[PDB]
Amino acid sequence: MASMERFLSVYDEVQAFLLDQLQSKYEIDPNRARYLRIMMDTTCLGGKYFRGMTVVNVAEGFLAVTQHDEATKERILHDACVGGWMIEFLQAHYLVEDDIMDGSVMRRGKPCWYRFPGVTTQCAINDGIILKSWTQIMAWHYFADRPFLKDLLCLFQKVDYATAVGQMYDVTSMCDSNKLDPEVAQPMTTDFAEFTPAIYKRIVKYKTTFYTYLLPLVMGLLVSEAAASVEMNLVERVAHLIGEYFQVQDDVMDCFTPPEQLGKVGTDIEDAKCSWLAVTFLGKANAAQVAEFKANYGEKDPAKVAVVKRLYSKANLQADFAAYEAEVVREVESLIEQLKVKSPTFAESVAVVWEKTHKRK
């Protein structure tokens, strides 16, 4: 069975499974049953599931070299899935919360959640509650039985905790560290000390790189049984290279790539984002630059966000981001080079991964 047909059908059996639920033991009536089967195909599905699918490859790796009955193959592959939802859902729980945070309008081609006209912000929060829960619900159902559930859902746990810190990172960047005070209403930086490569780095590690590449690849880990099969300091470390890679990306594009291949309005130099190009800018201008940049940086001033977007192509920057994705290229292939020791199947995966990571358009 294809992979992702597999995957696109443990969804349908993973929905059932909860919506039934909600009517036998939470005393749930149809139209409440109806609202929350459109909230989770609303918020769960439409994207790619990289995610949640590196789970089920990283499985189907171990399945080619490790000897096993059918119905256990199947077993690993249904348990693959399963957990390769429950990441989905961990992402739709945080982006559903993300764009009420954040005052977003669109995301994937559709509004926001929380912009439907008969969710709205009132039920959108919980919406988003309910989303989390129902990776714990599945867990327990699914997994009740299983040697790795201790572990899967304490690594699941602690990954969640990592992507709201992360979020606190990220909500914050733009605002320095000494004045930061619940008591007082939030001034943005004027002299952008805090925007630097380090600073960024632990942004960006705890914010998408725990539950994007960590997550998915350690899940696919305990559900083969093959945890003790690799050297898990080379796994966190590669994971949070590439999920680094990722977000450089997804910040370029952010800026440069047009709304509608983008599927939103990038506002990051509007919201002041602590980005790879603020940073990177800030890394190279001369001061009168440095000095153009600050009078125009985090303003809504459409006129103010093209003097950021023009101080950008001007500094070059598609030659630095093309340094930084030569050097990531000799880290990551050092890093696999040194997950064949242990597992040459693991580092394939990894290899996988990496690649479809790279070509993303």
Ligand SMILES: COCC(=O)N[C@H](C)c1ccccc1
Contents of the next structure:
There are 2 protein chains.
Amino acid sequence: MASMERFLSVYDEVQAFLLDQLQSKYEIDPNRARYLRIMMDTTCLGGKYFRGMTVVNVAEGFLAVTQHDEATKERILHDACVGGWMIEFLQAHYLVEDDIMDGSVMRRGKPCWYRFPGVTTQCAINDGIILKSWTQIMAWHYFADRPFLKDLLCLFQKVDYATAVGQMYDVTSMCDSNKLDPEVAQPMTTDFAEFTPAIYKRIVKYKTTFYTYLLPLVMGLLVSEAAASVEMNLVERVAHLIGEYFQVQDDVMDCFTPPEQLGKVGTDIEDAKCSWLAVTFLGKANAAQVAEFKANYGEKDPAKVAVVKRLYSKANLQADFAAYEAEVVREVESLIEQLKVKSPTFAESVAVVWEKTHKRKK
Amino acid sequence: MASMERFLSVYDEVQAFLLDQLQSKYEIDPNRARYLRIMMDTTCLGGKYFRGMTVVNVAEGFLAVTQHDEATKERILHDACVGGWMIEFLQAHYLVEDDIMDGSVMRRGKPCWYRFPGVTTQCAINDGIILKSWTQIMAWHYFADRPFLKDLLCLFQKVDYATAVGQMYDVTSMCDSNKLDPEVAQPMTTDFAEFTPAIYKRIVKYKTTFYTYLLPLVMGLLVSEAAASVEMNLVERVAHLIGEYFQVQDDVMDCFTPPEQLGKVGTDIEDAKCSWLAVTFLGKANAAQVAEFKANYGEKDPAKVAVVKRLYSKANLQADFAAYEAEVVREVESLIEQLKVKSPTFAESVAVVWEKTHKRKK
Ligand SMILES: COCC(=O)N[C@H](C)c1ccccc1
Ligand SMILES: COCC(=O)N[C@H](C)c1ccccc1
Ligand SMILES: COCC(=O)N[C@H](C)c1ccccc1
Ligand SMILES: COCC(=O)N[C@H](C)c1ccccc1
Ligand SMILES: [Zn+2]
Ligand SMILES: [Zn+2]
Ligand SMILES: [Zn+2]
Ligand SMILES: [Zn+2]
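Same protein, the form solved in complex with the ligand this time rather than the form solved without the ligand?
Below is the whole assembly, all chains and molecules, this chain first.
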């Protein structure tokens, strides 16, 4: 069976499980089950499934080099698919809550879930809560007798918690740290002193890299009982590195990819986000460029946003991006080598992960 | 050491642990740690700690009848306090998210967390996420080598998930089930056909009774290694029964307790909630009373809300409440007896829990 078809089939199976349980254990009625069914489909389906499929790809790579009964290959691939949907549903929780937090309009060419007419914020906050709760129900049911259950639960919770802390770093990135204060309404920075490469790197490490790259790779090792084929410090290192590059790409597209192709109107500038573009611009600007940036960044006025886009265009940030890219190519290729000492297989999976990111066009 | 002082001391210990970890593992800076510290204090402290202290009370009752080394008594009471704060922090997650969902203003005489000037909804949704994440970090750290760790994690997740499903039942209780539909903006019921005792009971069972009464009692059994001193079906039965009574009290106070003493302006009527008062009123009203209720319920207009309060007052709902109360006194006293077959101790703890609820004046 082809991996994607397996993956999709298990979605159906998990969905039926979750909704049937609601009916047998939680007294749900047909109409609320249907609401939840729709919510699950709308919030979990329609992406590329890169995260979830990476768990399956990692587990297929070990199946090719490890001796097992056919029924054990099937059980490993079924566990890889369940674990991959745990990650997809965890992403769906974060996207639904993030979209409400940020006042987002669209995602992927469709309205954000909270904007659906019959959802509203009052239901959507709780729908997002439920999405994450469903990851736990999956694990306790499908993995109940598995040796990896503790490790997988403990990894998932650390990853979830990192991601929430990253969300906190992201949404406070345009404030001065020393002025954070629940009692006092928060002004936008005026100095941009915290728009640095290391502070950027912190935000991105936590907000995206743990759930997007670290979790899929490590979940694939866990469902395969293969965590001894790797040096975990290397897998963390490469995950964080590739995931940073991924976010840098996102940041560039937020500004420059036209909305119809982006699936969104990008507002990082108006939102005063600490984006790769802002940090890299500041890192090369002269005094007058810095002043013009300060006078225009973090405002809804479209003329001011255009002045920012103009400044970035004139600043030849494509060049700094090519330099960044070269350096990441270099470091990721080194880490893949350190990963071969223990597993060619695991290294190849990391190689694919890299190729898909590096060569992604959307 | 007195139980409450122990309990409070462990708060300090857990808080320090959580913030120190943020600094050693998650790259936090001092100012964001301080933000989180304040958020934890504001959202977790200032109640009666009834839920968390019930875990400690249940564990103290078993200590009086079970032989242990002093160091084991201390470890049990420390685990009971950690487990009690897991429950308090889980409540704090639900209160912060519920207040945003419902557009609440105050809680306990202070602004809701999201309304603080330097919080805002964008941070508060994620702060609530973090609150629940902290319950997991507590458990994996304090209970890492404990025999009850799996059982406690599995119970906590089922309770969390029930509570979210209860939130869904609560916020959709004024819509017709057969019209739920993410695509279509939801009208208020006009028939009130779903304002029934059984539908009420479902809402309350899930929204409040699992986290408020079932979880504290069962966590106390788990940290004591005492789940064989009970028949779990009875503990579930009594938890749900007492927790229903608790909510009925809340519902009555929402309408009739003056705001300064309530800590809140009550809006259940304007919000068209399926409250005990509405269900009980409908269950005794004549045709003209039902019509007047329909014409006035679920509106912000204060004249219409006063017409509802008037209808409830004239309807002698104190009498139906006394009848309800008598019946609950009767059934809870029976369950306490079935609970004595296996544990006098556990029965007494349930007795205290009941007394505190029955005789609570706030
Ligand atoms: C829609 O964008 C076209 C496009 O090639 N996007 C990819 C993802 C990309 C690569 C490198 C830097 C920025 C963006
Ligand atoms: C690929 O995105 C659309 C786009 O026009 N990007 C431009 C060429 C760019 C700017 C800054 C950094 C990298 C690339
Ligand atoms: C502030 O309310 C006074 C008061 O006694 N409240 C308690 C909680 C109560 C008991 C029974 C029914 C309703 C309310
Ligand atoms: C105790 O709350 C304040 C209050 O005036 N309550 C009244 C007496 C009441 C109405 C309906 C049901 C029970 C009690
Ligand atoms: Zn965001
Ligand atoms: Zn972006
Ligand atoms: Zn609510
Ligand atoms: Zn209430």
